[PDB]
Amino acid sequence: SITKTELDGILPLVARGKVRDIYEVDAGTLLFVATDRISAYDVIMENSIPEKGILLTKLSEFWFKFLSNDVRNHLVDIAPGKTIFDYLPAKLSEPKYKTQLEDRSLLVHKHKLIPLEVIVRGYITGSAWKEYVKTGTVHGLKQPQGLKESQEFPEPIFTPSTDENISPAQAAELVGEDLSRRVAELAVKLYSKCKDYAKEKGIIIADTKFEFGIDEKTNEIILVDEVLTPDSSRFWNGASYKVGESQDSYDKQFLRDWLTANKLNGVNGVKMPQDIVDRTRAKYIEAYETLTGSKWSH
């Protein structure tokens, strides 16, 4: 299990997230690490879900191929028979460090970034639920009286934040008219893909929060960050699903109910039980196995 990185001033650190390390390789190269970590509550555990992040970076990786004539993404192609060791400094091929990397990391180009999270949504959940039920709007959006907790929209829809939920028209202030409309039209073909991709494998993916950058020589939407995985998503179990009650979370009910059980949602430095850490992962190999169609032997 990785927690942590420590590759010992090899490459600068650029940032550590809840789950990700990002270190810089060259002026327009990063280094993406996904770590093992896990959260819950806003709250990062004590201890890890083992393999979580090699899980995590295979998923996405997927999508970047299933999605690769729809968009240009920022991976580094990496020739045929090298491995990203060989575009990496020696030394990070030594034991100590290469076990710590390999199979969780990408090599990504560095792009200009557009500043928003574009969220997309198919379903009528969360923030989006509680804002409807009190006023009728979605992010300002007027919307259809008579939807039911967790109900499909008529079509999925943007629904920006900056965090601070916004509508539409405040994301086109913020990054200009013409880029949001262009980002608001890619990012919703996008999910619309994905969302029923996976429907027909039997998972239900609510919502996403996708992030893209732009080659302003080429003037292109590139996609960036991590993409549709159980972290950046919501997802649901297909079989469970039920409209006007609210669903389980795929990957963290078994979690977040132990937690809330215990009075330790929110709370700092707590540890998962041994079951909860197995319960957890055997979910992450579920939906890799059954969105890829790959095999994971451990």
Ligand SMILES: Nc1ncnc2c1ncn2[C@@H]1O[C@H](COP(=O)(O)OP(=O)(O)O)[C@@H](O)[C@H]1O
Contents of the next structure:
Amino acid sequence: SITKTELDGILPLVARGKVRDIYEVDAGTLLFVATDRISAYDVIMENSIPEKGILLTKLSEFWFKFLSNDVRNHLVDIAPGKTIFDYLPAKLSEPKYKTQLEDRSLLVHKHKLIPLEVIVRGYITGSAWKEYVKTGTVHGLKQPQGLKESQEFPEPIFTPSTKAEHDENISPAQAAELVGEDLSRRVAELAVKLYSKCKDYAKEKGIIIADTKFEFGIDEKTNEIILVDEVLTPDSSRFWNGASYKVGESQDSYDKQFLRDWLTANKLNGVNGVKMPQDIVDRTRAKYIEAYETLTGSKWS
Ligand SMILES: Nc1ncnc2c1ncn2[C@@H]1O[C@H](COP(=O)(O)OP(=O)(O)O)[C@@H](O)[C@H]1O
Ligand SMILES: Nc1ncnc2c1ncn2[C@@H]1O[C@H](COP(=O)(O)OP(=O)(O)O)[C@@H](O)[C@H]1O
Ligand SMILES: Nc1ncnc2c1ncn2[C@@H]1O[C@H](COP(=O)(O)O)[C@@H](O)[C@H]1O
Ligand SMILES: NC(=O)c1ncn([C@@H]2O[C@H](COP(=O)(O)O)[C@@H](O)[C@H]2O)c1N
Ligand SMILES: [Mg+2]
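Having seen the form deposited without the named molecule, the form solved in complex with the named molecule:
What follows is the whole complex; the chain from before opens it.
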């Protein structure tokens, strides 16, 4: 696994997130490296999921391409026949570095981010289900009565969260407080549009995208929302098998929920330094790969 990139100062480190190591290529561009780290409940596991970051990268790329006519994205154009390494200092092609970067790195434009987790829910689960059972709303929004667990909403819904300790689910109205009324509506509508397109596509492939978290940037020069971060990965989404889908209960996970649930079941949610047993590593990895393969129609290996 590539757990922590070690680039020996060749590029400045902008950040490490839970998953990504982000370096500055230049003033406008980031080397956006998805490591193999995995986190749940905002805590990184001790051990990694080998090549998860490659999957997140590749799957993101798939979706960026799928959505390329629907939304601008943060990817830097790589000229034909070139690789990201052509756009990096030569030293990063040396194997010590290249092995840490290849297939898990995106060269992206630094964007001003819209400070929301742009969650779209097509189906009620997770935190939405928890809230709905209580008060019949999601992120404060009113809903039809009688939804059962995992049921499809009548229409997918934008249900933002803050970008945090833990992210906070907020209403669209509160999101508009944060980001502006016009922008928030644009975000909502675009997110739902993107989600729905992907949902429909995925459904035909056999996957229900229950929900997903997008991240958007804003290019204030062109007044364009930019799809940034990762897109429709099993970290950012819940993927259910359509054929096994059954409302009124939880679904099999093809996504991080498997790990989340395992941690919770084992009273390890929130605990740092958790070593996923190999079985859990493997099962998680395999679930992610299954999602990847089904969604993309391509083989992982
Ligand atoms: N194009 C971009 N420009 C700047 N920051 C970005 C861009 N795309 C994503 N990001 C940010 O890069 C980080 C990605 O790393 P990640 O490990 O996913 O972080 P997190 O732990 O917050 O989820 C996040 O802070 C994300 O918002
Ligand atoms: N214990 C918690 N209580 C409330 N919200 C949480 C909790 N843990 C994580 N979250 C939030 O749920 C979302 C998903 O987190 P999760 O994927 O499970 O951990 P990570 O975000 O590091 O991968 C994030 O917005 C995160 O901030
Ligand atoms: N912004 C980018 N960062 C890293 N790799 C990229 C980027 N854009 C394209 N690629 C890679 O270049 C190759 C051609 O991709 P594409 O032409 O976008 O289908 C693929 O292997 C991509 O992974
Ligand atoms: N901060 C995050 O990475 C994040 N925040 C939300 N999500 C995704 O948003 C969806 C809704 O999550 P929840 O039901 O826990 O609010 C799930 O697919 C979840 O993985 C994320 N990936
Ligand atoms: Mg992230």
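Positions refer to the first chain, counted from 1. The term rigid core refers to the maximal set of C-alpha atoms that superpose within 1.5 Å between the two forms.
Participant: Can you tell me which of these residues, 30, 33, 67, 264, is the one whose C-alpha shifts by at least 2 angstroms between these two forms after a rigid core fit?
Facilitator: The residue that shifts is 264.
Participant: If you line up the core, does residue 251 shift 2 angstroms or more at its C-alpha between these two forms?
Facilitator: Yes, the C-alpha position differs by at least 2 Å between these two forms.
Participant: Determine whether the C-alpha of residue 10 shifts by 2 Å or more between these two forms once the rigid core is superposed.
Facilitator: Comparing forms between these two forms, the residue 10 CA shifts below 2 Å.
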